[PDB]
Amino acid sequence: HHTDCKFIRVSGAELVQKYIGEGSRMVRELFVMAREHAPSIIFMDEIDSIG
Amino acid sequence: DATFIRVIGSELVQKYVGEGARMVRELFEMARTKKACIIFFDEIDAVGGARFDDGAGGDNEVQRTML
Amino acid sequence: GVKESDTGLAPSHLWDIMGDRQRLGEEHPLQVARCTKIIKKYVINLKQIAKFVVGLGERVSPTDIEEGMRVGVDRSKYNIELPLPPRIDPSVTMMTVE
Amino acid sequence: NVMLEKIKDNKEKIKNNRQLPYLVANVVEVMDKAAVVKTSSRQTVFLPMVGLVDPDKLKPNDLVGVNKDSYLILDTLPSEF
Amino acid sequence: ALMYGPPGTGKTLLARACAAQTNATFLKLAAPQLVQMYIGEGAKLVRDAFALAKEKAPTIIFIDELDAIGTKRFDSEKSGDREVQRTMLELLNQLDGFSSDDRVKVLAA
Amino acid sequence: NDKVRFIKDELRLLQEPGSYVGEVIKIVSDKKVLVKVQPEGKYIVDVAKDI
Amino acid sequence: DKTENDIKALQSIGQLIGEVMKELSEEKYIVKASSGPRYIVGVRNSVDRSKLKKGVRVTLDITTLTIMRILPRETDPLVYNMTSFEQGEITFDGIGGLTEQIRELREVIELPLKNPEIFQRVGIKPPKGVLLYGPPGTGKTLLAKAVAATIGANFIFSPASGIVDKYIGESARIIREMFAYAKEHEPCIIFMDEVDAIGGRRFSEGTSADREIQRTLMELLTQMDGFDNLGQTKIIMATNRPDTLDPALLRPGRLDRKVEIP
Amino acid sequence: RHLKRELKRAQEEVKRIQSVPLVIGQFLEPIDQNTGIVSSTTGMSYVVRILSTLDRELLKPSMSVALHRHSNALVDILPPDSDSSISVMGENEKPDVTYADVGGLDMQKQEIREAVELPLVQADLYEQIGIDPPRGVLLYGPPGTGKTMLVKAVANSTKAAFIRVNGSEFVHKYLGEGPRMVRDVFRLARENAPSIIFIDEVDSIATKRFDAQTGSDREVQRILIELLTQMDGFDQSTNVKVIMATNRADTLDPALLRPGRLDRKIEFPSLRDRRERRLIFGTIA
Ligand SMILES: Nc1ncnc2c1ncn2[C@@H]1O[C@H](COP(=O)(O)OP(=O)(O)OP(=O)(O)O)[C@@H](O)[C@H]1O
Ligand SMILES: Nc1ncnc2c1ncn2[C@@H]1O[C@H](COP(=O)(O)OP(=O)(O)OP(=O)(O)O)[C@@H](O)[C@H]1O
Ligand SMILES: Nc1ncnc2c1ncn2[C@@H]1O[C@H](COP(=O)(O)OP(=O)(O)OP(=O)(O)O)[C@@H](O)[C@H]1O
Ligand SMILES: [Mg+2]
Ligand SMILES: [Mg+2]
Ligand SMILES: [Mg+2]
Numbered sequence: 204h205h206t207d208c209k210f211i212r213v214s215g216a217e218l219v220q221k222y223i224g225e226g227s228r229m230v231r232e233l234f235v236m237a238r239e240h241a242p243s244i245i246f247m248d249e250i251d252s253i254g
Numbered sequence: 268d269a270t271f272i273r274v275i276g277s278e279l280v281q282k283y284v285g286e287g288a289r290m291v292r293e294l295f296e297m298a299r300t301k302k303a304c305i306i307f308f309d310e311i312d313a314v315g316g317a318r319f320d321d322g323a324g325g326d327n328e329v330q331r332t333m334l
Numbered sequence: 068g069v070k071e072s073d074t075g076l077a078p079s080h081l082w083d084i085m086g087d088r089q090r091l092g093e094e095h096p097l098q099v100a101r102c103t104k105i106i107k144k145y146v147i148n149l150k151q152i153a154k155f156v157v158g159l160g161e162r163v164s165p166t167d168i169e170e171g172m173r174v175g176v177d178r179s180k181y182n183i184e185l186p187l188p189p190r191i192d193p194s195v196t197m198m199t200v201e
Numbered sequence: 056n057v058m059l060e061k062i063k064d065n066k067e068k069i070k071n072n073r074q075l076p077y078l079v080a081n082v083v084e085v086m087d115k116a117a118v119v120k121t122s123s124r125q126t127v128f129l130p131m132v133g134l135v136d137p138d139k140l141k142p143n144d145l146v147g148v149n150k151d152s153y154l155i156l157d158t159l160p161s162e163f
Numbered sequence: 218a219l220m221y222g223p224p225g226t227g228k229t230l231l232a233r234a235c236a237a238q239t240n241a242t243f244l245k246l247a248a249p250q251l252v253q254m255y256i257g258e259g260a261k262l263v264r265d266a267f268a269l270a271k272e273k274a275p276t277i278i279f280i281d282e283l284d285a286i287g288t289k290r291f292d293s294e295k296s297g298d299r300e301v302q303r304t305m306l307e308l309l310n311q312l313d314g315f316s317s318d319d320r321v322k323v324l325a326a
Numbered sequence: 052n053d054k055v056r057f058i059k060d061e062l063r064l065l066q067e068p069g070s071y072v073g074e075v076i077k078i079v080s081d082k083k084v085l086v087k088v089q090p091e092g093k094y095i096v097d098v099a100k101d102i
Numbered sequence: 089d090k091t092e093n094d095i096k097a098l099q100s101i102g103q104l105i106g107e108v109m110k111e112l113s114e115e116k117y118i119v120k121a122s123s124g125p126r127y128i129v130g131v132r133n134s135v136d137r138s139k140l141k142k143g144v145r146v147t148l149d150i151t152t153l154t155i156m157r158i159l160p161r162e163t164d165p166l167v168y169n170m171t172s173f174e175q176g177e178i179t180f181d182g183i184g185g186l187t188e189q190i191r192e193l194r195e196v197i198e199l200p201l202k203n204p205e206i207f208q209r210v211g212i213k214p215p216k217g218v219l220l221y222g223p224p225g226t227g228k229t230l231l232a233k234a235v236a237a238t239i240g241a242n243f244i245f246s247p248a249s250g251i252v253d254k255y256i257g258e259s260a261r262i263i264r265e266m267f268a269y270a271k272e273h274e275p276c277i278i279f280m281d282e283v284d285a286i287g288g289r290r291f292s293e294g295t296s297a298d299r300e301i302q303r304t305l306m307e308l309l310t311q312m313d314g315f316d317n318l319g320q321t322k323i324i325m326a327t328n329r330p331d332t333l334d335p336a337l338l339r340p341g342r343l344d345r346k347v348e349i350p
Numbered sequence: 073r074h075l076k077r078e079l080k081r082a083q084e085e086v087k088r089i090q091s092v093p094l095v096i097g098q099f100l101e102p103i104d105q106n107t108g109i110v111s112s113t114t115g116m117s118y119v120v121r122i123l124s125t126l127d128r129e130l131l132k133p134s135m136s137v138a139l140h141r142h143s144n145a146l147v148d149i150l151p152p153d154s155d156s157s158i159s160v161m162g163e164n165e166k167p168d169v170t171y172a173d174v175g176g177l178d179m180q181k182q183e184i185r186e187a188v189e190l191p192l193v194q195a196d197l198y199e200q201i202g203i204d205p206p207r208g209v210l211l212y213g214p215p216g217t218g219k220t221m222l223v224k225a226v227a228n229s230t231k232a233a234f235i236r237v238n239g240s241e242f243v244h245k246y247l248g249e250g251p252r253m254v255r256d257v258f259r260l261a262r263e264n265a266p267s268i269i270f271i272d273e274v275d276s277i278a279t280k281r282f283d284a285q286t287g288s289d290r291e292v293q294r295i296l297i298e299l300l301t302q303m304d305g306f307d308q309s310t311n312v313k314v315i316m317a318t319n320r321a322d323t324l325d326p327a328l329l330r331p332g333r334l335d336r337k338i339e340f341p342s343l344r345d346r347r348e349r350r351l352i353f354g355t356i357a
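Sequence lines, in order, name chains R, Y, V, D, C, F, A and Z.
Those letters in the first sequence? Residues 204 to 254, by full-length UniProt numbering.
Those letters in the second sequence? Residues 268 to 334, by full-length UniProt numbering.
Those letters in the third sequence? Residues 68 to 107, 144 to 201, by full-length UniProt numbering.
Those letters in the fourth sequence? Residues 56 to 87, 115 to 163, by full-length UniProt numbering.
Those letters in the fifth sequence? Residues 218 to 326, by full-length UniProt numbering.
Those letters in the sixth sequence? Residues 52 to 102, by full-length UniProt numbering.
Those letters in the seventh sequence? Residues 89 to 350, by full-length UniProt numbering.
Those letters in the eighth sequence? Residues 73 to 357, by full-length UniProt numbering.
The shape of chain R in the complex, shown without the other chains:
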């Protein structure tokens, strides 16, 4: 909020994704939206407690 980053919470959620429909191979597209709209914080919560 102070730095003026777009806070993009990424999560494994495919509800928001509709253009490619999965984030397994989305890399360039998340960068190219966050590079236009820099500055950005991509908050990668990797869960790693799913058993």
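Mixed in with the good hints, there may be bad ones.
Straight line, CA to CA, 25 Å or less: simulated SDA-like cross-link-like pairs of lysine to any residue [unchecked claim]:
hint, chain 1, residue 1, chain 2, residue 2
1, Z, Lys-245, A, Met-312
2, A, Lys-254, Z, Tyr-246
3, F, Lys-93, R, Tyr-222
4, Z, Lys-181, Z, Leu-343
5, A, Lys-254, Y, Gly-325
6, F, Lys-87, V, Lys-104
7, D, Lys-70, A, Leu-140
8, Z, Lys-231, Z, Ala-195
9, A, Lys-110, A, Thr-91
10, D, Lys-120, D, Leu-145
11, R, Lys-209, R, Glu-232
Quick caveat, the hints were computed from the structure, so don't treat them as lab data.
Could you slot chains Y, V, D, C, F, A and Z with the ligands onto chain R? The hints should help.
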């Protein structure tokens, strides 16, 4: 100088079952029409596996394209 | 830019005499369909899902019309003009031939 | 001789509509006397049934031809395959 | 009537020769066709292999292979056996007695 | 007088042969614009003398 | 006259069916056509405004679009093919040696149907729902013919793999219309035969076909038990292996008796 | 005086265009106010002039509307009460279950009289303390817990409008049908506030895994995205935000359960104790 028709045997696989059924049919007709052909199936260890029945996996898609 | 570069080049100017009297003809379009039943007249199924009974063309032999064959039919009132070879699934099988 | 030319009169009209082309639809229900068909253009139309076409051939599900221009049951056809 | 055993015993070769020789109308069917990728097109192919066969009855449907739909597995846990098994059960309904199917036979190899 | 002449002409303006919402995929330096009609397929079509 | 009746049909045209979706005012009604788009239309004055209500089918004009008149409810072409199968009948006897099990199915079906006065006085809510399961080859199916012949109430034999179609959302709309159908024609019995097709469980990580099942099965679950509770419907369900079933169909209070045929 | 005859002859003309036959679209948003974007009910977008001399007071928030046929012009507006997916059920007779037939589950009964009943009758107790009332209510458990029985019990006593629907009423079968019905249900509720909205089962719609390679995945998914954006608008209206239930809570999509839409999770136990099993026997006895 007889028509050569290369296939990749691991090109057939998709998630929607018997999707490689359509392919295998139409390829077989396309080779039937031209006279003197050779149909060269490489790398048929995928779709060319042993006769087995796991009882729990997804070997059911795989064994469609073989039958 | 691409500054207006479109294939054709120097012979396509002589083609413009021949291809302007045919382009206005209804030779094309023939909405491509496919037969579902020869009833000893013919039953086609369009690929939009809407079924029609059509009939012979200008001089086509009754041997041409076969089961599961595609045919082109008159754009307006449906009638077989020119039969066409079978199945539009071949195309992933013609790129495998070296 | 005057009556016989009234049957020919009707029939030359009837011969022009009977020939190709005509949409193909099936019979939702016979409501009786009325025939409701759901077409292969995926709507529905309530029509006064053609009486030259028997109400015997028209049973629920039957496959019948229908004229596009005026939705009337034109003729009967053996169920496709 | 079912034909099973080792390969090479001419199972597929005999059946054909004797079903065309006796002038009983011999339909050619291969089980891998009843498998489909559309949802509900395999259930519409079985009823349509049946509806043709009630008219010309008695007639012989010869199924070459039967391991395409003949999986014991239809208690499964996340597989495409939920679409395949739907054309096996539409079989057992179009094999129950309702007359005008009392006269359809079956070979299966 | 202005008022009864707003109504008579608003009857002409309200008649629309048709108007869509498209979106510019990409321009081409032919003075044409590749516009995707948003439910349908694509159409390449040039600009008016307004833009 | 036989050629003259055809000329009197020819001057007619189809009249698009709808139903009255919702009264807007006194002189405008909204219909939902069967081609698709909702319209706002006018009324012929032959028919009162009280005869119309929301959910009566109406015919419409070609292009002017006016309600012409009220029609009875349209009946599906699928629900006429299911009523037809009764060929193979047999009376009370079915599986000989299991006449005790034949009485257990009549306790659920034939006794409150004929005399609802025996279940009023005792005070248990009327039953409904029977599952048949056993070693395959045992005549689960022969008993279904025995209880549809003798009772004489309307029977509808609906194979479960024979209502999945290519179109999706069409296997929901059909089977909704059948539970209405069983209320109108009461008493009525719906025999679901070979329920192993739509017996897939939660899953919905595999193919998109596995989510066609789950979406068509949720609608059978809230239609069977929800706010909805249709009193004049009985369900008899035939299944081979009784462990395919989703754990919402194992579940008593859906399905009073869980009969095992030995 | 002659021009007063001519204002009347021009006023007549235009009222005939206002009235029947009309197709029903929807207003998305203005781009001016004499021109707007409507989606017809053919599944296409049109840019249409707006008949001046109309109320934009209810128009600007998205809401049903009437359009002309050939012309395609917005000739008048329709109430948000009119052209709704479902007539309200609070005017029909009340569900047959009352609180005499609820037996046990007395622990979930004190968490539902607070969450549902109290914010309709008295909005002024929450605000003056300074607490926000719970927004959406979730019910989850094994499939026999008699979730629905508790909801019927609270529906008879409130005597406020009710709207009851399923999650396979929204099933896709025309183009763009699925997104259209979600708008109609949230706009009826604000119009006749207060009310309780129940969606009975929502296990098929909320999926944890989409791939969006088939059309039927793109219709399910357009519905669910629309449902989040309409629960946001629904905040600060007397209606207690949508109650919904699921039988297996482990397919629940993460954006749905996130706060701002659903806040409370009324678990329905099935072990219970000896004083709460007794009661279940006593009302069926
Ligand atoms: N009993 C037999 N007598 C004469 N020829 C035989 C016999 N069995 C097999 N053959 C020969 O073997 C050939 C191949 O047999 P075919 O492939 O039809 O049998 P199969 O049991 O169906 O084996 P598979 O299907 O496993 O390939 C036959 O065309 C025939 O020439
Ligand atoms: N109890 C019985 N009394 C008389 N005949 C029987 C009996 N059980 C089975 N049959 C015979 O077996 C045939 C097929 O059995 P049926 O199809 O009714 O069994 P099922 O349990 O429904 O098996 P499936 O549905 O797995 O095919 C019957 O059509 C009938 O000839
Ligand atoms: N506390 C109780 N008192 C009296 N009866 C009860 C009680 N709890 C459950 N029941 C009985 O169990 C039945 C089924 O439960 P209910 O109709 O409320 O559906 P549900 O459990 O929510 O199912 P769904 O999974 O389809 O949402 C009720 O109709 C009722 O007869
Ligand atoms: Mg063989
Ligand atoms: Mg059976
Ligand atoms: Mg419930």
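Okay, the hints, checked on the actual structure:
1. Proposed proximity of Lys-245/Z and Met-312/A is supported: the alpha carbons are some 22 Å apart, at most 25 Å.
2. With a C-alpha separation of about 15 Å, the suggested pair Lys-254/A and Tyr-246/Z falls inside the 25 Å cut-off, and the hint holds.
3. In summary, the hint linking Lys-93/F to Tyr-222/R is supported, as the alpha carbons are separated by about 17 Å, within the 25 Å threshold.
4. Simply put, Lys-181/Z and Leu-343/Z have alpha-carbon atoms about 17 Å apart, close enough for the 25 Å limit, and the pair holds.
5. A threshold of 25 Å between alpha carbons decides the hint, and for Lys-254/A with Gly-325/Y the separation of about 24 Å falls inside it, so the pair holds.
6. At roughly 38 Å between alpha-carbon atoms, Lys-87/F and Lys-104/V are farther apart than 25 Å, so this suggested pair is violated.
7. The hinted pair formed by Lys-70/D and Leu-140/A fails the criterion: a straight-line CA distance of about 42 Å is larger than 25 Å.
8. Of the pairs offered as hints, the one joining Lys-231/Z and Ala-195/Z holds, with about 16 Å between alpha carbons and a cut-off of 25 Å not exceeded.
9. Restraint check for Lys-110/A and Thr-91/A: not satisfied, since their Cα atoms lie roughly 43 Å apart, outside the 25 Å limit.
10. Distance check on the hinted pair: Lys-120/D and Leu-145/D sit about 10 Å apart at the alpha-carbon level, within 25 Å; holds.
11. Our distance criterion of 25 Å between C-alpha atoms is met by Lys-209/R and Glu-232/R, whose separation comes to about 15 Å.
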